[PDB]
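A lone chain, given as structure tokens: the form deposited without the ligand.
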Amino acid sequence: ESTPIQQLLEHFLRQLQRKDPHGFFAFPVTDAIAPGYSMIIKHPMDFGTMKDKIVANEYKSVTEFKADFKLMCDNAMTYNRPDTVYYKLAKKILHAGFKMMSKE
């Protein structure tokens, strides 16, 4: 990770994951953990997949990284009932995360 973008995205990822201390969004969701997930969510995303994409230098732009973060939050708000802790955290960190990234 010698490039400025990789180092910046690693910093963003650390900051975003701090807002998920329980690790709800740390790793890919399986149908065994979340029944019906593959039926409901067509493009899964998680913090760990994003980490691997940074390390592999797959992100062309910061915008591409932000699209993955929004996708992960949008997926959580689509699958989880609107009254659950997972929906509420996804909604909270989506707003707080984009506000945080707008300052750097």
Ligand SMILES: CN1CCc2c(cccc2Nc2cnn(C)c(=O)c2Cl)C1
Given for the second form:
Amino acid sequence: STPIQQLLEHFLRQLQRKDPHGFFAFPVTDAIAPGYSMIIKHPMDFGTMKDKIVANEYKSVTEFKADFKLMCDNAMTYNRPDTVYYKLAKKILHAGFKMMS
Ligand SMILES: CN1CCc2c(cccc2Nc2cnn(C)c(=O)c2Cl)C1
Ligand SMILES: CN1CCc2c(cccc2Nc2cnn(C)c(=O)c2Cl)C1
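The form deposited with the ligand bound is what I need now, so please give it after the form deposited without the ligand.
To see the whole picture, the full complex is given below, headed by that same chain.
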């Protein structure tokens, strides 16, 4: 594991601690979220992010942060402002970015 891989594994562990229900742990299915794949062009989740780290698909912290933001943006797009996923996505976006400086 390269230095970037190690740093990103650290960040991912800390980010996932902010999602204790694991709402962002795995891809959203259309079964749980009707029409999701039609509304969200580029899905993302922490599990996919983990696989990308292990496959050495991130070459910068900027790339990793963009996937994190994509995941949060997707939750803020499909879900309405009032809602649990929207609020958590917005919360962890800000805290996570701060955490990753
Ligand atoms: C395997 N996981 C997939 C994701 C998930 C599960 C359970 C409860 C909430 C979620 N996460 C959702 C679900 N629906 N929507 C619309 C979302 O935006 C998220 Cl993050 C089961
Ligand atoms: C004193 N701080 C320095 C920063 C830091 C610490 C611990 C865990 C992650 C970080 N943050 C990093 C580390 N390395 N790189 C390359 C970064 O870009 C960031 Cl934000 C301890």
